[PDB]
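Asker: Residues per chain, in single letters:
There are 2 protein chains.
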Amino acid sequence: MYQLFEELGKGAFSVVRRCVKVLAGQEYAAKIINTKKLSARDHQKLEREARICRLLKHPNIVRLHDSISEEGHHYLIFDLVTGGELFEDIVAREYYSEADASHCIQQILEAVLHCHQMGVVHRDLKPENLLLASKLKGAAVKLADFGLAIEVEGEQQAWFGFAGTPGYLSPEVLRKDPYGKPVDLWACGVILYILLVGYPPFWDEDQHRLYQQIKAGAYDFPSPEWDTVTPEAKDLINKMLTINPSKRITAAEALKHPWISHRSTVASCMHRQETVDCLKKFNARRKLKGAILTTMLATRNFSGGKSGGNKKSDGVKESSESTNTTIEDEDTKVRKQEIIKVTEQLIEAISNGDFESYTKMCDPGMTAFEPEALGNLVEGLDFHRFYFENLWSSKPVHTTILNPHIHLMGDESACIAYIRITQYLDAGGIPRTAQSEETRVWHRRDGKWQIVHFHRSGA
Amino acid sequence: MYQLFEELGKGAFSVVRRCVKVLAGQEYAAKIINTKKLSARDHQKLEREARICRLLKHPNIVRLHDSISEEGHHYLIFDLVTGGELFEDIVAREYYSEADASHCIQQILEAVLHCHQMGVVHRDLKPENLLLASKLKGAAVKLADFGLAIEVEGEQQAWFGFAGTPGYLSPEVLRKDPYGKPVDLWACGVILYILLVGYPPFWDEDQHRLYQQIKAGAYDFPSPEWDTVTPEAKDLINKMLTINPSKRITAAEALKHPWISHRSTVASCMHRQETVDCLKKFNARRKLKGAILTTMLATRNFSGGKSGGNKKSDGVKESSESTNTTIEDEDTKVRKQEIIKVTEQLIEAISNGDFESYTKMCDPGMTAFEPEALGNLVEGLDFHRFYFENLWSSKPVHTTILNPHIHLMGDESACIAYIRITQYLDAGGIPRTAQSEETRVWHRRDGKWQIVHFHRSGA
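Respectively, the protein sequence lines represent chains E and G.
Numbered according to PDB author numbering, the first sequence spans residues 0, 13 to 404, 407 to 472.
Numbered according to PDB author numbering, the second sequence spans residues 0, 13 to 404, 407 to 472.
It is possible that some hints are incorrect.
The list treats identical chains as one, so a pair stands whether inside a single copy or across any two.
[Claimed, not checked] Quick list of in silico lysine-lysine cross-link-like pairs, DSBU-like style, CA-CA up to 30 Å:
no., residue 1, residue 2
1, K291, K137
2, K146, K323
3, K32, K317
4, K300, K47
5, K245, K21
6, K267, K300
7, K226, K56
8, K291, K32
9, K146, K408
10, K347, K371
11, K323, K32
12, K323, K267
13, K68, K322
Honestly, the hints are just simulated from the structure, not real lab data.
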């Protein structure tokens, strides 16, 4: 049904690859899940993932087109979005302000609101799920991958399992409390915070300490970098990073927050280069950590240095004549003889009065000096046509070529000079003979020898 | 004093590199020891290493030419041997027999005998120390690197420290007994054994168990591979792998052993392909185990098969030629004008009677049709010399070129045709005028346009 092309990204248990629907000629992203490596339970919950993704129809959410299981693999086929990660894109931009982060978060919150309205909680919102629709300027931000998403019943909370990514986990999930929609608003607070200053609100080498920080809500807004962030951006983060999920801002309420809905008078327009710089390192640390590592050694200076031997300039070593003959592309043979071949075919074409073959062997802009031109230079084949039509269209005539000389001037040019002697009969012969000295200038154009100019004397 | 070129090999605390003595023009191997990474004691014992290596003058031992210390490095400059390891070379050979292993061990024992006679014990004999003199057929085996070598006093034994390589360590060193020359004969027994069947006599993943095996002398000669080894090769190994160093064969006595001294009637001539095959794996396991510079790691193969193949970029046609612009002159040229330049210089050279410049612009084998040749084809410049010498060496004359046409036939060939009109005076002028139709065939040879043939009419 489909044809797989390049890989676009990975997880521990899936890869994503561009593919083409054979009979459609439409391109898609194939999420390819190795089902041999899943638990029975996670294999079974692919049914829930497939279902959630069909439900969700929103401009800021990538949708499922198809789901296929084979013996060792499951295939979830989605729309192709080609812009890559939002976070990678932010660091390649010429300008990045609070007003620009607000537009990112608004799109994310719109998507999340739509999930919540459909009874879907994502549970694992993180930078990797935030993709751009295309490489075009101002492409939309799109949610991708709902492999840990759950279905909820109205506003009812439950214990759906301990699932998520450490830095984005909500306090209620860490306390083992029944939970629901607010887990996604906590994760949006963490994402918003990273979008503003380029580093996460909660971080610790020790995962147990990290979780105590999260559960305590122990994040801060340190100077210098937070000093130029508006009070309203900080207010929205605070409302999202509220420890008690019953008191946490909802996606609907977040979208009405002035830093989002009154962006044009509230969100700062100042470029935040330090955010861009920190985010680069954040982005890089995210691509080293993972289940499988492509680099052989993890601890390598990322910056590099120049080695010795990088450029080499040698001296003028004394050399001899080195003509660069091209590699031959046909059966090996005598080029001189080749010229003799096309020349004999020329003489035979003139003798037979065959203007058709004479035209092929001559360039359309052929130059000519001949006694029939009375000292003038003739261009084209119109002039010799009069002799092909009248005279040569026919008593016995014998031609004889004497002392031929050939000059080869590269692969595509040659020149032959010879003496032509013609034996013929005039009226009631009386056999006669005539001499002429002829020069032909041949030139191979598109794999065919053609006369570009010729010269005749005494005829 | 020296110039360093390519790296030839390594240890943990040294690299070896080819170098050239600047003022000599002689090439050597530089052992470059990073003294910052040595213990005070091992730095100090470089004095002993330097001394031992100067003492040793033997055809099967690489000798020291120089020793230099800088602030962070010591340099021990030796003869360059270019054949690489004996062991690598054995596996690339077309034939390898007991008789060939006997010649290897004889060379090694000769070197070791010479050490022992000079009061030097190597202590760390292993495959890495066994180098070939050159890549020539039958190059000698040479001992290289004495960094763990010691000086002994006659036949006196002492405790010189626990030093060596695990698989080649003698029982007495492992028992912490005073020791001397026999430690090197134990290591030769281990090397000989590996030379015969391609695997070591003592091996264990657990180093403590390995040492108990060594101390017990618990090696064996298992079938099938030992079944075709002569009893005399086994006898020599047994004599060397004798646990009590007072009873172990000496280097002098080993050299008189029939498998060495009567090789031609004693050592088997049968090719041992299984030895060659095992030795390949032995050689490979030796090159993963330990290095200091970063080393790439291979991936185990996956079960069944993945599909795949070579990829070619696709497009509108097989090849491409930029955007679809209107088919017109994209950019202009001046080659036609170049031909006009050399042609005007030709006419001026003829007019001035300058045969010198006329010779340069003409090919030595120039072809010519002209009325002065009376219908004949003239080759060379001898014919026109008569006109340069006599006539043109001089009343007022004005030339006029009419209707010039140029055919470009590649980068290296061109042809120009034109009408030449000459105004002159005859005897007592009476101004006269003459017409001729001229064709020149130019060819660039070694960056210079030369006439290969020319044609003239009515002059």
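Asker: Within a copy, between copies, both or neither: which one fits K267 and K300 at a CA-CA cutoff of 30 Å?
Answerer: neither (36 Å within a copy, 63 Å between copies)
Asker: Within a copy, between copies, both or neither: where do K226 and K56 come within 30 Å Cα-Cα?
Answerer: within (28 Å within a copy, 60 Å between copies)
Asker: Within a copy, between copies, both or neither: where do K323 and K32 come within 30 Å Cα-Cα?
Answerer: Between. Shortest inter-copy distance 21 Å satisfies the 30 Å Cα cut-off; intra-copy 50 Å does not.
Asker: Given identical chains, is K347 near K371, meaning Cα to Cα at most 30 Å, within a copy, between copies, both, or neither?
Answerer: both (20 Å within a copy, 26 Å between copies)
Asker: If the cut is 30 Å between Cα atoms, do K291 and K137 qualify within a copy, between copies, both or neither?
Answerer: within (16 Å within a copy, 50 Å between copies)
Asker: Within a copy, between copies, both or neither: where do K146 and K323 come within 30 Å Cα-Cα?
Answerer: between (39 Å within a copy, 24 Å between copies)
Asker: Could you figure out if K300 and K47 sit no more than 30 Å apart (CA to CA) within one copy, between two copies, both or neither?
Answerer: Answer is within: at 23 Å inside a copy they meet the 30 Å cutoff, but 34 Å across does not.
Asker: Give the relationship of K68 and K322 under a CA distance limit of 30 Å: within one copy only, between copies only, both, or neither.
Answerer: neither (56 Å within a copy, 36 Å between copies)
Asker: Checking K323 and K267: alpha-carbon separation at most 30 Å within a copy, between copies, both or neither?
Answerer: Neither: 63 Å inside a copy, 52 Å across copies.
Asker: When no copy is named, should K291 and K32 be tagged within, between, both, or neither for a Cα gap of at most 30 Å?
Answerer: Result: close neither inside a copy nor across copies, 36 Å intra and 49 Å inter.
Asker: As a check of your reading, is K146 near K408 (CA-CA no more than 30 Å) within one copy, between copies, both or neither?
Answerer: Intra 78 Å, inter 79 Å, cutoff 30 Å: neither.
Asker: Please sort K32 with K317 into within, between, both or neither, judging by C-alpha distance up to 30 Å.
Answerer: between (47 Å within a copy, 20 Å between copies)
Consistency with the previously given hints fails for numbers 5, 6, 8, 9, 12, 13, ordered from lowest to highest.
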